[PDB]
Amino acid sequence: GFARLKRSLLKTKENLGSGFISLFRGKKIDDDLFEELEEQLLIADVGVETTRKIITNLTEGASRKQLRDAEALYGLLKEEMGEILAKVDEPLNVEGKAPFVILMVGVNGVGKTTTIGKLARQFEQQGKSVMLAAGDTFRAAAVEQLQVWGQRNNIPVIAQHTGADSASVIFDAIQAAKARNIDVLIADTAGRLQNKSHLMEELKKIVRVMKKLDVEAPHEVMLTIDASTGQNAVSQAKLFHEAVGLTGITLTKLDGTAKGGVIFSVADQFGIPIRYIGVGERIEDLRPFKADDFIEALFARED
């Protein structure tokens, strides 16, 4: 519930949300204050451009409202930062397709594989049938890990030999899922970053091949990024958004990091819906993102 969400964000709340209260207590609204607040936002990984927007809007709103007390900045900041997250607060709906195809993109080692498993279990718990495609075809250990997980959870995993063509594996998986009236297909992909131009090509190849079987596929292109990696997450988002058309973002490992500010940078810089946030180890701790619950937990205060 909500109480677990608050507890999971305590390290980010040191600096953001309720963490602002001690910064404002008894201060004057002046440049020294906005400079300290700028610094605190940047340290939290909110990012130069998004921080500049927040500070600018706050400065203007403070003047317009003729505020006297720095404590009164808290509500204006909660509105400003809430608005950033509200603009990307569109939940993923996987209903009504045969299969709904999720193309999972992102670097290796940011919770991409974990997210695939948790989403698969959530959809199954909802009464949907799920299939996986082991599209990261040149990493033999990762394929075998998806297969073993599929074998442990009674979920089919389509896979070919090491070095198979990723687009062919995923083509075969869509074909299989359509014939078995599978509700949701979740397709892994390679996450090696060196060749940006290569990445755009392998992903564009995957998408084109998909569309030979279903012009609507992929129905979702989901990036996974790790919030504890700070601005590396922002740069990955930039890379994959320019590389392929993203329609959804999952941000993992929000719990236990003081770098939870990166969600605001991702929301503001890209405007792509944030579908899920990972706030713990449990299957259900991959939460459908709710901007309002998120903001309330971050800004929760009991004074």
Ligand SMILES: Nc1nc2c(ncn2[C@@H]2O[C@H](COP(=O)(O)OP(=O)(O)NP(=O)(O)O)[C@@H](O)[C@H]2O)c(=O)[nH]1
Given for the second form:
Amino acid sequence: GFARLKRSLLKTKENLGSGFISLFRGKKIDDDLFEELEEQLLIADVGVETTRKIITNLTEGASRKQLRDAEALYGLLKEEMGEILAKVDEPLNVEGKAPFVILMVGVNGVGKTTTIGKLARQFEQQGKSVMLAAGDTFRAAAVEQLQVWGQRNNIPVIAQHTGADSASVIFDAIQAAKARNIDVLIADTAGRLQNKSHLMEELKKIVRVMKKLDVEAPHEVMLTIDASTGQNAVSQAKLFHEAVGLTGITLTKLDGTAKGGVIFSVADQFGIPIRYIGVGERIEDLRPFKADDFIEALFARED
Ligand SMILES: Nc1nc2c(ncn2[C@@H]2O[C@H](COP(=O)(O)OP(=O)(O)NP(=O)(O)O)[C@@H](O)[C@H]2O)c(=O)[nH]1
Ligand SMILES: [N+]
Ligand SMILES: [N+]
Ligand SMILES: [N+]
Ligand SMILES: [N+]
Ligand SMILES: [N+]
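Can you return the structure of this protein in the form solved in complex with the named molecule rather than the form deposited without the named molecule?
Whole complex next, starting from this chain.
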């Protein structure tokens, strides 16, 4: 089973899941084993704190059951790491709002704009009308690229002149979405980390201004982070979550990176639903995150 996701996770499986099998083969459970496993979890970008929790719980579980052979730790690890991901398995539901507003936050270069387009096309295939807001207002090339994409896909894009107030652009986009019976409004935002506190104030202003039109907006504050950036994804998530409060995460570029284990650090550190994982270039390769599929793909040795 899960042959496709196993292929997407091939490089990550070298260290996690089925990658554990060679580590445990023929070994006893002792402090040396747990030191080796800790090292491998850290190399896989699971993170110092999440790795410490896993090791602590495995040690107690192995001792409680008086396990002898390292091979038995495999199933315990599958349970511990599977529970981490199951706690953030909650798909995004965009139904029933006029419009449902998604505020897309994150730094530049991690897949935010790509994810906006994939989400927009997915919602359209579901029968929904979509509109985009070009709220990254000081990056003229990025605004223009979003407008070009919208024109190519017959999806309206609300934009103002270079340097416009992002909260004003997004307010106008909500007004336009309401006026034109739009089902989903996806708002792009700036992603410059230079002087990060200014960006966070910009995002908080966007959120405050939305409430004049709909106290429920934004219905989703979605972070986009890039698994190939390792623990940078975790520090980005902490920055945005402490600043504005996330309600969902998209983790991109899981295909081909050996750093996919960062998903456990993101899940455990914040407890925010992971809505989507990116595993390729097609629209359909932005996949709703399913924790069981993910853990089975990672830990299975068959194909
Ligand atoms: N291999 C892979 N690449 C992805 C995935 N999602 C996004 N990307 C790629 O990552 C790059 C960054 O995409 P983009 O959306 O342009 O990034 P951004 O966060 O808006 N800012 P910038 O314009 O600097 O890129 C693009 O080349 C994109 O095609 C994914 O899921 N897998
Ligand atoms: N950590
Ligand atoms: N939905
Ligand atoms: N300017
Ligand atoms: N405001
Ligand atoms: N691959």
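Residue numbers count along the first chain shown, from 1. Rigid core here is just the name for the largest C-alpha set that superposes within 1.5 Å across the two forms.
Structural comparison between the two forms after rigid-core fitting shows the C-alpha of residue 116 displaced 0.3 Å.
Relative to the superposed rigid core, residue 194 shifts its CA by 2.0 Å between the two forms.
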